[PDB]
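Q: For reference, the chains in residue letters:
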Amino acid sequence: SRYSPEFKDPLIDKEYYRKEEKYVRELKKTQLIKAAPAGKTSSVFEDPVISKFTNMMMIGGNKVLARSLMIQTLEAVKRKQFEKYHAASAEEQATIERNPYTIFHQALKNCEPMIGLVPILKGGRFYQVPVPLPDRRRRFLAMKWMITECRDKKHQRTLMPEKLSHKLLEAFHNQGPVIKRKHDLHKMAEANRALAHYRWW
Amino acid sequence: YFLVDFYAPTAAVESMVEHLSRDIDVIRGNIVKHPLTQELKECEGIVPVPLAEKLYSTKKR
Amino acid sequence: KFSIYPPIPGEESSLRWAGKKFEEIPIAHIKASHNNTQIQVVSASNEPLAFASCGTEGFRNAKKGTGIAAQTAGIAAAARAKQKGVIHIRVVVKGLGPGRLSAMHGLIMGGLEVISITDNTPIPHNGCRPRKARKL
Amino acid sequence: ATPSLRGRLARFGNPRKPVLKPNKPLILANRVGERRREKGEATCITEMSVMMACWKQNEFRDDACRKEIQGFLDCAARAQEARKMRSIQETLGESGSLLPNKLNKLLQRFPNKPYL
Amino acid sequence: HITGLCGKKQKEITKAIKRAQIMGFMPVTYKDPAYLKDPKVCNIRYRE
Amino acid sequence: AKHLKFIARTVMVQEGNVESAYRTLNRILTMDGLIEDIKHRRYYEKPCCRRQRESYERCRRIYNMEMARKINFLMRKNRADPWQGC
RNA sequence: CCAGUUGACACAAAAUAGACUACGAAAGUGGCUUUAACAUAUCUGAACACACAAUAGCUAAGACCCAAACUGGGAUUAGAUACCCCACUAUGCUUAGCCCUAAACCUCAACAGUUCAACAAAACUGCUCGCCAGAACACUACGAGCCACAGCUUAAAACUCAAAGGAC
Ligand SMILES: [Mg+2]
Ligand SMILES: [Mg+2]
Ligand SMILES: [Mg+2]
Ligand SMILES: [Mg+2]
Ligand SMILES: [Mg+2]
Ligand SMILES: [Mg+2]
Ligand SMILES: [Mg+2]
Ligand SMILES: [Mg+2]
Ligand SMILES: [Zn+2]
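Listed in order, the protein sequences are those of chains AF, AE, AI, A2, AP and AQ.
Under the entry's author numbering, residues 35 to 53, 61 to 242 are what the first sequence spells out, in order.
Here the second sequence is numbered in the entry's author numbering, starting from 63 and rising by one per residue.
Here the third sequence is numbered in the entry's author numbering, starting from 59 and rising by one per residue.
Here the fourth sequence is numbered in the entry's author numbering, starting from 2 and rising by one per residue.
Here the fifth sequence is numbered in the entry's author numbering, starting from 95 and rising by one per residue.
Here the sixth sequence is numbered in the entry's author numbering, starting from 2 and rising by one per residue.
Calculated directly from the structure, the hints in this document are not laboratory data.
Everything hinted at is true.
With a straight-line Cα cutoff of 20 Å, these simulated SDA-like cross-link-like pairs (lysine to any residue) come out:
hint, chain 1, residue 1, chain 2, residue 2
1, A2, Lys103, AQ, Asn79
2, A2, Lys22, AE, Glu115
3, AP, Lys112, AI, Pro182
All chains, full assembly: derive it from the sequences and hints.
A: Dropping the structure here:
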C-alpha cells in the first residue's frame with residue numbers, strides 16, 4: 035500500500051461556489074487534503090473525452106506529448122477544413138462545418154458496441170454469451186476501439202498524426218474502421234440468437 | 063342411469079356382469095351390492111392423536 | 059369479475075373479444091419440448107396460420123428450445139398470423155421446456171393476445187412405462 | 002395438519018413394517034434451511050428479441066434502430082439497478098423467507114431437550 | 095390434511111368416487127359441470 | 002380422447018397479464034399433484050428408487066409440517082430487551 | 001407413411017386419497033364387482049417330514065408403447081468391450097412346466113408380564129424350536145438327495161496366519 039490511509043485527494047470543483062451545504066463544506070474542510078496531479082490536471086482544458094483519449098495515447102508516461110499531439114492533430118483537421126473553406130478556396134461558411142463537436146457526437150452515436158462478448162464455457166467448450174452492458178462500459182469500449190484503430194502501427198509508412206487525422210476523417214462520414222467493427226460485432230451478436238443464457242452473473 | 067334393485071343369489075354376480083357386458087344397448091355398469099345393507103360402523107369424529115411415544119434413546123451425545 | 063372457473067359452453071358465453079366466441083377462438087399449439095420449441099397455430103377447422111418452428115430459423119441443434127430464439131420464433135409466428143387475421147388465440151401448451159412462457163411472451167410482443175392457458179401434456183397414469191434411467 | 006406416524010418406524014412394540022425409513026434421526030435441529038440465491042438466468046429477453054427483430058429489419062446502424070436500442074439500454078440499466086437492489090436487500094429485507102439468524106437465536110434462547 | 099375427514103369416512107368417500115368414475119356417474123378428468131352449486135366445502139388453495 | 006375437450010385446465014386470462022394466469026395455472030397444477038408426477042415420468046423410476054423417493058418425500062413433509070407448527074407457535078418471542086436485567 | 005386437433009383405439013397398472021397401518025407365517029398385496037376365507041378362549045415343538053416361497057434363468061404358447069444384456073455406429077481417451085444417443089434376440093407377461101435364490105435386512109424368534117460396552121429400537125422376568133463358539137480356503141471337493149446336467153440343500157480336509165471381526 036503506497037497510499038497512506040490518512041492523506042486523501044482533494045475536490046477541484048469551484049464553479050458551483052459563486053453564490061446542509063454549509064455542513065458539507067465544513068466536512069470537506071475537515072479532511073486530510075493532498076496536492077493535485079499534473080497529468081490529470083482538472084483545469085479548464087480538462088475535457089474528459091479528450092483527456093481519456095490522451096491518456097490512452099500516452100506512451101512511456103508522456104501525457105504531455107500525447108496532449109500536444111492530440112491538439113496538433115485537431116489543428117491539422119481544422120487546417121484541412123480551412124483549406125476547403127478559407128485558406129485556399131473562398132470562405133464558404135454555408136456548406137462547410139468546422140465544429141468537431143458534430144464529429145464527436147457522430148462517433149458517440151455510431152461507434153458504441155451495445156453487446157459484450159465473454160467466453161463462458163459450460164462443461165468443456167467455449168460459448169459466446171451476448172450480455173448487455175451499461176453506458177459506462179459501452180463508452181469505454183467505444184473509446185478503446187477508436188484509440189486502438191487510430192494506433193494501427195502496422196502500415197509501415199503512415200505517421201502517428203497523419204494516421205490519427207486520416208482515420209478520424211474516414212470515420213466521420215458514418216464509415217471508417219470503428220463503425221465497420223461495430224457492425225461486425227452486431228452481426229456476431231445476431232449470429233447467437235440462442236447462446237445468450239450461459240452467464241454466471 | 064336406471065337403477066334396478068334385486069335380491070340375486072351369491073354365485074351369480076359375475077354371470078350377471080358378463081351378461082350385461084354381452085348386451086349391445088347397455089353402455090356399462092358394475093353390479094354392486096346394496097349400499098344400505100352395509101351396517102355402518104358408528105364412528106365419532108377424529109380422536110386426539112398423541113405425540114411421539116418414545117422413539118430415541120436418552121443420551122447426552 | 060372474469061370467472062377463471064371452467065367456462066362451460068352452456069347458454070351463453072356473454073363475453074366477446076373483438077367479435078369472437080370462446081367456442082370458436084383459433085387454437086395455438088405450442089410444444090414446449092426440453093431441447094426444442096415449436097409454434098404450430100392450428101385453426102378450429104385444422105387450417106394453417108403460423109407454423110414457424112426453430113428449424114426454419116437457421117439452427118438445427120439444442121439452440122431450438124431456448125429463450126431468445128423461442129421468443130423470436132413466437133414473434134415471427136405472431137406476425138405471420140396477424141398477416142392472416144388471428145389476434146386472439148387459446149394457447150395449448152404441450153410438454154415442459156423453455157418454450158413455455160417465452161413463446162407466449164413473443165406472441166404477445168407480436169400482437170396476439172392470450173385468453174386461456176390450456177395444457178394437454180401427456181399424463182400416462184402408469185401406462186407407457188417411460189424410458190429407463192440414465193447416468194451422468 | 003400433522004399426519005400420523007406411529008406405525009411407520011421399526012420399533013420394538015411396533016409389529017408393522019417400516020414404511021418410513023428416515024436416513025437421519027428426527028430431531029428438530031437448532032438451525033434452519035438456507036435460502037438459495039444466484040442463478041444464471043440472463044434477464045432482458047423481450048428487449049433483446051425486439052432489438053434482434055429491428056436489426057433483422059434494418060442492418061446494424063445505431064441511427065436506424067434508435068427507437069428499440071434506447072429501450073434495450075433502458076431495460077439493461079433497469080436490470081442492473083434491480084440486481085443492485087437485490088444485493089442490498091439481501092442484508093436489509095429478505096423477501097419470502099425470514100432471516101435464518103432470527104430463528105437461530107430464538108432456538109438458542111430455548112433449544113431442544115431430547116436427552117432429558 | 096386440507097379436507098379434514100376421518101380414515102373410514104375418507105376411505106368410503108374415495109371408494110364411492112372411484113366407483114362413480116368407473117361405472118359412469120362422474121367425470122374422471124374433471125368435475126361434473128351440472129352440479130357446480132356447492133358451497134366452499136374444501137379450502138381451495140388455488141384461486142384463493 | 003373419450004373426455005370432453007376444452008373444459009378443464011382452462012385458466013382464462015385478461016388485462017394482458019399472462020404472468021398472473023401463468024402463476025395461477027402453476028399453483029393449480031402444484032396443488033393438484035401432477036408436475037412432480039410428470040417430471041418423474043420423464044424417465045423410468047425403479048420400484049426400489051420409487052419407494053425410496055416416496056419415503057424421503059413423506060419424511061421431509063412431516064419434518065416441514067413440524068417445523069411450520071413450531072414456528073407458528075414460537076413466533077411470539079421477537080422483541081429485543083423487555084427485561085434488560087441480566 | 002415424421003412433428004400438432006378429431007374418428008374404429010393396448011392380454012401391463014392404476015394419480016392426486018399414497019399427508020391411511022389396512023390384510024397376510026415370509027416375500028408380498030391398494031381403479032371397481034364377485035366365487036371362498038385367514039387354525040389356536042392353555043403356549044413351544046422338526047433343515048429324519050409336511051406347505052411352500054421377491055425377482056433371477058430355462059422348454060413351448062403371442063409379441064408388444066417402452067426398455068431389452070451381447071450387438072452396429074457416431075464424438076471419445078494410447079486403449080472402451082462403459083459413462084450420451086438410435087433398433088433389436090431371449091427377456092419385464094400371461095396360457096402350460098419348472099430350478100427353489102436374496103441386503104427374504106425391521107439382519108432384533110414364539111408365548112404372558114414389568115419399569116444400556118458404542119450405533120441401534122433401554123432393560124428384562126418364566127418356558128420352548130433352531131444355530132454358533134477363528135479368517136481365506138469354504139454360496140467349495142468328497143458323500144447323500146433333487147423333473148434340476150456349466151444347477152441346487154447340508155457339507156468339509158491339509159497347509160499360512162499372529163490373526164479374522166463389530167462399534168466409537
Ligand atoms: Mg396383465
Ligand atoms: Mg423362501
Ligand atoms: Mg419400444
Ligand atoms: Mg456390451
Ligand atoms: Mg421380446
Ligand atoms: Mg422383504
Ligand atoms: Mg419348540
Ligand atoms: Mg431353526
Ligand atoms: Zn373418514
